[PDB]
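Number of protein chains: 4
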Amino acid sequence: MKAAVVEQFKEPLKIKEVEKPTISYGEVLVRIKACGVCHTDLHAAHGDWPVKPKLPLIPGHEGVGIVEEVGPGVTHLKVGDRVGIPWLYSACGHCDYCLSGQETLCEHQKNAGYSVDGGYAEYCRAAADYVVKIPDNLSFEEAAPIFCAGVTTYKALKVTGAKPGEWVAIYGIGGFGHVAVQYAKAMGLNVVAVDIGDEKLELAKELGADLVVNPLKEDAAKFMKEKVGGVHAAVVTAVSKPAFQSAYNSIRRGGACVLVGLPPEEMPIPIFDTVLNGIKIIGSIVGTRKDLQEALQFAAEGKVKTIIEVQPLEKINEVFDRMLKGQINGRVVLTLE
Amino acid sequence: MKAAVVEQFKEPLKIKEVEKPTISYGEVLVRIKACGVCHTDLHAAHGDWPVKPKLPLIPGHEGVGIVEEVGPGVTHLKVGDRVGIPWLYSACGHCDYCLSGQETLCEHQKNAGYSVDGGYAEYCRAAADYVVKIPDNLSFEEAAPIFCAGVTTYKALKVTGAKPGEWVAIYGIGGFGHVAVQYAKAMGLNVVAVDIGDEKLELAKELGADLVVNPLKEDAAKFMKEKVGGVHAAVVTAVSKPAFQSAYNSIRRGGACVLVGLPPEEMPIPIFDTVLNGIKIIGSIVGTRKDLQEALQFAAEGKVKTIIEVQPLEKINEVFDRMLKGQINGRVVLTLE
Amino acid sequence: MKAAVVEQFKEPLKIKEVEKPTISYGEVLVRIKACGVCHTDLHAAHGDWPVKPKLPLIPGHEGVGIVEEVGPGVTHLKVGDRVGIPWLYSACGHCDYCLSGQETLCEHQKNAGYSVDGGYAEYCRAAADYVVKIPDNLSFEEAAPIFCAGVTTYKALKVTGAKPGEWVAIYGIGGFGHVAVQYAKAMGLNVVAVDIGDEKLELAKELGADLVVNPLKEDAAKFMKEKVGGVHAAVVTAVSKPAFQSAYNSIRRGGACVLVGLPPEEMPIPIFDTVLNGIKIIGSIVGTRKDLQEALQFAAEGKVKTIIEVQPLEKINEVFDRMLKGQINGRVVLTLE
Amino acid sequence: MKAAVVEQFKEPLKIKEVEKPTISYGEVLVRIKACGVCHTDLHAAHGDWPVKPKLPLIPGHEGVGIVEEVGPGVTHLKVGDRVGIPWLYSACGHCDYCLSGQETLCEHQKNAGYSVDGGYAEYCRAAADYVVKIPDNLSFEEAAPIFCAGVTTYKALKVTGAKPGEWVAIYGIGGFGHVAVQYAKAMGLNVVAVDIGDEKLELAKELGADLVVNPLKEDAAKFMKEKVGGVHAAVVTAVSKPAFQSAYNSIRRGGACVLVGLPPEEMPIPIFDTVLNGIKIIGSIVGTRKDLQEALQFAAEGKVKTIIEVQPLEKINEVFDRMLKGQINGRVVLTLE
Ligand SMILES: [Zn+2]
Ligand SMILES: [Zn+2]
Ligand SMILES: [Zn+2]
Ligand SMILES: [Zn+2]
Ligand SMILES: [Zn+2]
Ligand SMILES: [Zn+2]
Ligand SMILES: [Zn+2]
Ligand SMILES: [Zn+2]
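Residue numbers (this note's numbering), protein chains in the order written: chain A, 114 to 450; chain B, 114 to 450; chain C, 114 to 450; chain D, 114 to 450.
There's no promise every hint is true.
Pairs count within a copy or across copies, as identical chains cannot be separated in the list.
[To be verified] Here are the computed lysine-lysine pairs in the DSSO-like style, where the Cα-Cα straight-line distance is at most 27 Å:
| # | residue 1 | residue 2 |
| --- | --- | --- |
| 1 | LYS318 | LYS418 |
| 2 | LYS165 | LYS335 |
| 3 | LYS246 | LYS340 |
| 4 | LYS340 | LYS191 |
| 5 | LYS115 | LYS298 |
| 6 | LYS276 | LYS313 |
| 7 | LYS428 | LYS167 |
| 8 | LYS129 | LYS318 |
| 9 | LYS191 | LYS127 |
| 10 | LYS298 | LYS318 |
| 11 | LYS298 | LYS271 |
| 12 | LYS123 | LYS271 |
| 13 | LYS438 | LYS133 |
| 14 | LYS418 | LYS276 |
| 15 | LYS123 | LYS246 |
| 16 | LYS416 | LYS318 |
| 17 | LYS271 | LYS403 |
| 18 | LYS338 | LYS223 |
| 19 | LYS127 | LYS298 |
| 20 | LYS403 | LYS338 |
| 21 | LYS338 | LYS165 |
| 22 | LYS298 | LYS340 |
| 23 | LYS298 | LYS416 |
| 24 | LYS165 | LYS115 |
| 25 | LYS246 | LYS335 |
These are calculated hints, taken from the structure and not from any lab test.
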């Protein structure tokens, strides 16, 4: 089978033939139809995160395809089921986190396409209990990104705890923001899109966003004041010092600021105002199998559609390239068939 | 009527005769029997907060006493009712915050002994709807610190989400700290007291604290760890960057780190861990009229007692010196009879 | 001023001149532009409920209109503010219910057009803290059913716990039913409309409802099995024994069955299944001042429109006649100008 | 090995030597040290519940003992661990219920000592992922009842949603009731014990209960009114027509009635009053693995202790004799060593 191996950090990826994995108990082998690409893959190749991966490594925590074989004793999935292998490759199922509904946080979790081989290959071995069925009415192309940025974003929106009728501010109408907006709408919310790019605010608006501001150009929080009483919550999709300061100020008292990005730097946050106004700052990323079942169904119903550009496995290095100069419109799925 | 009065900032106050206030509609006239003192009264005195008070000012948002006359309109209180006047002097009662359970954040709120004359005097004019009744079984001197330290700490504990069985770390065993521990135990929780004085830790243990550490010499997070598996939550009662930092690291994944102090500067949270481990950082101060009633009732049942020292009004300045010098263990309550 | 007046029970009401009421401290005087009618106004008329009203009485708790004078004390309202007088005429605003978010349950509540004169007259005296403002963008005739049907149904939907994506069954597509469906949709929900008239089911479908059943020629519970896997919840808007048993059986395990009707008799629940499957049976009526504000805002944004028929005061008895005969489709709103 | 086999319904159980079971993948073999008996077991003998068991059957869903062998692939349990096999023998792990945290409700669940052999034998095959470790500081004797009576009751208490400070009424200080009281105390609550026998009301008070009342002698609901203000919730441990009516009436408006009984009959509830007071009626039984770990730990800390009478396997039929007569005080554990 063919794959895209990261042999050495920061080095271009090899598109070589590799040994096609074997499967023992409780596993499935999956023939990969597509696999979405996001910044996380790139950081895996560059090797520049506290915990770094084991080389060589096939990336892809957004791989989706067909269950080709089912190892001894797996019963809840049949050959030929349409299926996806999300970031949470496996978790213990036994610790407290797992028994709460926070398997996403399990200390002994293995991560797809980072600590084990993932979706940048023709085939992928997966943990049967931990793969998720893609519903019929939803294409492989479309589903792939629902596995990262869909759930990440959807779950974030559940986490804001904003309820139908209330207002969320989405910060950054890129690959997260652009799908956030649709989820927030499908979730009963009124949206404020916030972005430096006048064309992204245009997109967000076709996408359902109720109000746009461009935080240049004028004052974003003073506009959300202003206007809508200040938003109930904000989702930050490109967390940076000024992105956060904005979200923070625009949120009404008691509001939540949910941070979904993964930047290297430490913040800071005002303590006085946070205490005086009981502001909530919360990290969230990916989400539960159930979160994903739920996020996938919204897409399955037309309520959210991702802006994809298809590419083949071999153009991967060009796509990281591109990604690193920040020239990617939403998300890049890789075709394998 | 005599009062402690703030004439100029950073200047000794003047115990002196002033005008005994007149009452209008929905107001009551309270004869102060005792008033609590905390750092907040002092920051008023020094006038060093972003929104400074207007001089002259009688401080005290921890005053309790007897209702001497009802204003017209008020029908829910009678002459002789033992009552208190919280930091939350008044709220509009109509804004959205007021119709959630969030009067504490009302944009129109007035603050006792800050934006209006408070409890450092023989009498106080108060908004009837906003006074909280003291249970019969609890004395004036005991009740008074429950009006700030009690509610603030109790509320903080509720906001943590922590359920009977779970673990909290209380950071700093001072005025808030030592009452925080008692509320924690009364609420089903298991407690790790954390402080730099081994004396405070000894006091914590007396108050029910399950486990102590001091933090210089190890290392709280890792003790805590090691050990209870990391606490479900932390309440930080004196926020220095090192306290908040340890608080942050001791908290297990999914955990809530409730901030309760009001220091001037900003403190930096590491975005990457905050997102990855689903951390919550939350500000909280004081509480609802109902929060307070609940806070008060635990004390009535003898499940939390404050460490009070009683000084007469005339000694207020002497007490601010010992405050600046950091010498007050527990809480000082002013007497007025 | 003129009014429809209940002089003796079960007798036709007399349209006649009466005293235009005078206002004291904290009240306002509203000039009624329109007032909704519901079964509850008729149960007052017939005096057949456990706690009967004192005669003579002006019914109507869906009265909306212009504020014509502000009582002394009231500061949050001005003359010409378009306002409504909900069933919750007033509460003590001090008890525990009132300081949760449960004013709806206050032991001292007074009810509009039941314990005190209400909306069936040119003027009405109301408790200022308790009138709810009507959005600018919404007319009197539309607003008025939102003051009973809207909140009761919207709240009811919230109380079910059902989150965006999940399924509810709205049982009975009448005055409540047809507004329930619209709220349900605006709230992110998927809706199974259930009624005996195939006509109502067509109406439901126009209103946004995803699936209908009759039951009553199919099995409804089994339809819902089947289908959607059983609904997360049911709001039962006309509680007859059969509707309840059907509702109860259609709900999936863990489910909530929210009751909203007020029939005289008792309905039996199967203790053994209720425990085994963790079912919840919950009563809900009307809602908070804040509940209504939210209910009202959905209508302002055009997401729920009530089907109204307008009649002048003089035609009231003709409308109670059509009410008993069960002929009123949707809601009737009385005009007074 | 020897077991207590239900060969024919209602017929006395045969203590007979039977085939020691074998274990495959994902399973464990357990040597039973003890096994609690309760009403459920008896209803498996008598065969008188909607879904009846397959015969022969070895009852016991409170069996606790030692992991004698681990089947291929299990990794969390190790040979020699102390362990228990609760009512929920197994569930699918993949349906919605399972992924909410409602495995208790899974349509595909097997039940121990009912739909498969459980604890009334010397040995018991079990689903590795579904057994729970008994904490070290807790005897097999003490733990056995925590596996059914403990959780059912602990969980019930979480479900009431009552919080530290509030009041719950435990109805029936028998087998469940007597441990409920301790749990509610441990959970921060204030308890009202309600029982016909002064016997039990004395026991309850030793066990921590704040107030008692015999529904003889006098009005239970009016006493609770009265007094405490009406309880926030009631757990009903012996559901009967008049028990339930009492709990119902004593609950304050907004309160919850958690039913924990398994009586054969239907049971009227008032609809009018339920709606008007937003009352909640909720079935609950057993609970999650995590619910059970938590319930076990309270006992481990000496916060709840079960009143046990030990008996060997042979007197099992003597125990059902007394039980059907209702002369058992607390719970009967069977010894197997
Ligand atoms: Zn990704
Ligand atoms: Zn785990
Ligand atoms: Zn204070
Ligand atoms: Zn306000
Ligand atoms: Zn009505
Ligand atoms: Zn009240
Ligand atoms: Zn049992
Ligand atoms: Zn299941």
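Checked hints:
When the C-alpha separation of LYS318 and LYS418 is checked against a cutoff of 27 Å, the pair qualifies both within a copy, at 14 Å, and between copies, at 25 Å. Taking identical chains as interchangeable, the C-alpha atoms of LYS165 and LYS335 lie at most 27 Å apart only when they sit on different chains, with a minimum of 23 Å there against 41 Å within one chain. In this assembly of identical chains, the alpha carbons of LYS246 and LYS340 lie at most 27 Å apart only when taken from different copies (18 Å versus 42 Å within one copy). Taking the shortest Cα distances, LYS340 and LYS191 sit within 27 Å of each other only across copies (22 Å), while inside one copy they are farther apart (53 Å).
Taking identical chains as interchangeable, the C-alpha atoms of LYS115 and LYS298 are never at most 27 Å apart, the minima being 40 Å within one chain and 47 Å between chains. In this assembly of identical chains, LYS276 and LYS313 lie within 27 Å of each other by CA distance solely inside one copy; the values are 25 Å within and 29 Å between copies. Only within a single protomer do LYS428 and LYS167 lie at most 27 Å apart by alpha-carbon distance; the minimum there is 23 Å, versus 61 Å between protomers. For the identical chains of this complex, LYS129 and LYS318 are neighbours neither inside a copy (43 Å) nor across copies (55 Å), given an alpha-carbon limit of 27 Å.
Proximity of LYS191 to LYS127 under the C-alpha cut-off of 27 Å is found in neither arrangement, the shortest distances being 33 Å within a copy and 43 Å between copies. Taking the shortest alpha-carbon separations for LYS298 and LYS318, both the intra-copy value of 11 Å and the inter-copy value of 21 Å come in at or below 27 Å. Proximity of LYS298 to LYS271 under the C-alpha cut-off of 27 Å is found in both arrangements, the shortest distances being 12 Å within a copy and 18 Å between copies. Taking the shortest Cα distances, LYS123 and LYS271 never come within 27 Å of each other, neither inside one copy (36 Å) nor across copies (47 Å).
Proximity of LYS438 and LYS133 under a CA criterion of 27 Å is satisfied in neither setting, with 33 Å inside one chain copy and 67 Å between copies. Proximity of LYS418 to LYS276 under the C-alpha cut-off of 27 Å is found in both arrangements, the shortest distances being 22 Å within a copy and 21 Å between copies. For the identical chains of this complex, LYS123 and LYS246 are neighbours neither inside a copy (34 Å) nor across copies (46 Å), given an alpha-carbon limit of 27 Å. When the C-alpha separation of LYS416 and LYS318 is checked against a cutoff of 27 Å, the pair qualifies both within a copy, at 15 Å, and between copies, at 19 Å.
When the C-alpha separation of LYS271 and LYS403 is checked against a cutoff of 27 Å, the pair qualifies both within a copy, at 12 Å, and between copies, at 22 Å. For a Cα distance limit of 27 Å, the shortest separation of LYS338 from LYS223 across copies, 21 Å, qualifies, whereas the shortest one inside one copy, 43 Å, does not. Proximity of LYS127 to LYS298 under the C-alpha cut-off of 27 Å is found in neither arrangement, the shortest distances being 41 Å within a copy and 50 Å between copies. In the homo-oligomer, the alpha carbons of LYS403 and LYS338 lie at most 27 Å apart only across protomers (20 Å), although the nearest pairing inside one protomer, at 35 Å, exceeds that limit.
In the homo-oligomer, the alpha carbons of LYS338 and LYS165 lie at most 27 Å apart only across protomers (23 Å), although the nearest pairing inside one protomer, at 42 Å, exceeds that limit. Proximity of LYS298 and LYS340 under a CA criterion of 27 Å is satisfied in both settings, with 19 Å inside one chain copy and 26 Å between copies. Taking the shortest alpha-carbon separations for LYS298 and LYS416, both the intra-copy value of 8 Å and the inter-copy value of 13 Å come in at or below 27 Å. In this assembly of identical chains, the alpha carbons of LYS165 and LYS115 lie at most 27 Å apart only when taken from the same copy (24 Å versus 55 Å across copies).
Taking the shortest Cα distances, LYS246 and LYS335 sit within 27 Å of each other only across copies (25 Å), while inside one copy they are farther apart (43 Å).
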